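Here is how the chains run, residue by residue.
Protein chains: 2
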Amino acid sequence: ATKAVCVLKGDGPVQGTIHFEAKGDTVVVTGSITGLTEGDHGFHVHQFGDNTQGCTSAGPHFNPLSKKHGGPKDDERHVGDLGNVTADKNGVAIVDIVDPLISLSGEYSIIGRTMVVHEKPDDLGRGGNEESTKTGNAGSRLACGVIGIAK
Amino acid sequence: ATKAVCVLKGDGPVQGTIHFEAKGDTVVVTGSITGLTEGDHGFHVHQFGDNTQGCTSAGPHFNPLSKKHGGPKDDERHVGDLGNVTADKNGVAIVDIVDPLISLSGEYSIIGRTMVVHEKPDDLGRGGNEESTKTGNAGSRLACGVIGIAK
Ligand SMILES: [Cu+2]
Ligand SMILES: [Cu+2]
Ligand SMILES: [Cu+2]
Ligand SMILES: [Zn+2]
Numbered sequence: 039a040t041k042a043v044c045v046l047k048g049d050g051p052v053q054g055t056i057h058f059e060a061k062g063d064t065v066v067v068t069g070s071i072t073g074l075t076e077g078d079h080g081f082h083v084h085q086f087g088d089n090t091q092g093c094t095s096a097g098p099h100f101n102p103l104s105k106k107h108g109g110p111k112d113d114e115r116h117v118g119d120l121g122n123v124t125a126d127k128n129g130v131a132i133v134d135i136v137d138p139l140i141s142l143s144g145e146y147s148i149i150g151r152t153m154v155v156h157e158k159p160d161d162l163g164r165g166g167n168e169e170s171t172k173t174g175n176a177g178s179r180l181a182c183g184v185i186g187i188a189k
Numbered sequence: 039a040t041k042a043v044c045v046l047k048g049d050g051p052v053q054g055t056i057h058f059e060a061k062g063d064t065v066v067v068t069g070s071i072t073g074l075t076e077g078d079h080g081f082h083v084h085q086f087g088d089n090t091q092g093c094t095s096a097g098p099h100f101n102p103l104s105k106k107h108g109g110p111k112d113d114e115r116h117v118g119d120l121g122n123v124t125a126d127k128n129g130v131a132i133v134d135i136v137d138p139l140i141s142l143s144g145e146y147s148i149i150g151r152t153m154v155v156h157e158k159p160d161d162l163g164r165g166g167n168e169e170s171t172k173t174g175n176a177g178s179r180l181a182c183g184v185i186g187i188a189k
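First to last, the sequence lines map onto chains Z and F.
Going by our numbering, the first residue of the first sequence is number 39, and it counts up by one from there.
Going by our numbering, the first residue of the second sequence is number 39, and it counts up by one from there.
Pulled out of the complex, with its shape left as it was, chain Z reads as follows:
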């Protein structure tokens, strides 16, 4: 798989479409998310592609190397830690990320897992409580979708 896509849906107004592309040795993630409150929102890949209980059944961050939570540029981070996306005053967040830990096949594959956008900013593992080291204190799951193979 070279291309993947995710449609984000939740119980409120947040929605969006995220695209993933294997380019060279990396993955580029692009798209946009609407309906958000202004400012930063944690944006992560969660382990299970299980939407039977809404976004809750996606489980925790995808973490095959068993590390602590961090920001996308840290060495100590989960594979699913893609940092924050930033919404403007209209509620629109434009997504543009290149990441060196995920991709689309093999052990690090995110195909069949869940993309989640969160209520609050991800503090990138530096909030100083235990929760920070798991979720970055990013709060509740506003919208999510299973990552699928695209044409």
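Bear in mind the hints are in silico, worked out from the structure with no lab data behind them.
Mixed in with the good hints there might be a few duds.
Given that identical chains are not distinguished, each listed pair holds provided it fits within a single copy or across any two copies.
With a Cα cut of at most 30 Å, we get these calculated DSS-like pairs of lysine-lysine [what the hints assert, rightly or not]: (1) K189 - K105; (2) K127 - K189; (3) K127 - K106; (4) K127 - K105; (5) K189 - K106; (6) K105 - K47; (7) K172 - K189.
Following the hints, position chain F with the ligands against chain Z.
Below, chain F with the ligands alone, put in the same frame as chain Z:
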């Protein structure tokens, strides 16, 4: 992955949860679909896990070996051809299929692809027309979802 799940949703009342489990060289698919008109409905794995345009962006049947549409028991069939599901008069179909061609890993992996439940019964390629050998005349897609990894 040895376990998977799919939540079926569409524009109307058809809803359902399908579970997949690896068992030796087989895949056992169980679950139930509700809101269906009594009778037989085609039940296939389509190629893309793209829900950006509802169920229509799922593309055609998963057919990596470019075969003709058939039923589950035939040798000449698509990998995604799982035949038919049958709804009672209450509109409920209990799924219980064991299949040797679909898998949760490797080249014929369905993770990240779309499970589709159709309007009309699958004629299994025995219909007397061209359509029959492509889709089994199952008609419109009532509901679908991306197949994801499950705990
Ligand atoms: Cu998260
Ligand atoms: Cu079909
Ligand atoms: Cu077919
Ligand atoms: Zn994390």
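Hint by hint, here is what the structure shows:
1. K189 - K105: between (33 Å within a copy, 19 Å between copies)
2. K127 - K189: neither (33 Å within a copy, 38 Å between copies)
3. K127 - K106: Neither. Shortest intra-copy (32 Å) and inter-copy (52 Å) distances fail the 30 Å Cα cut-off.
4. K127 - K105: neither (34 Å within a copy, 52 Å between copies)
5. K189 - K106: between (34 Å within a copy, 21 Å between copies)
6. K105 - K47: Close inside one copy (28 Å), not across copies (35 Å); limit 30 Å.
7. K172 - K189: between (34 Å within a copy, 19 Å between copies)
When each numbered hint is compared with the structure, violations occur for hints 2, 3 and 4.
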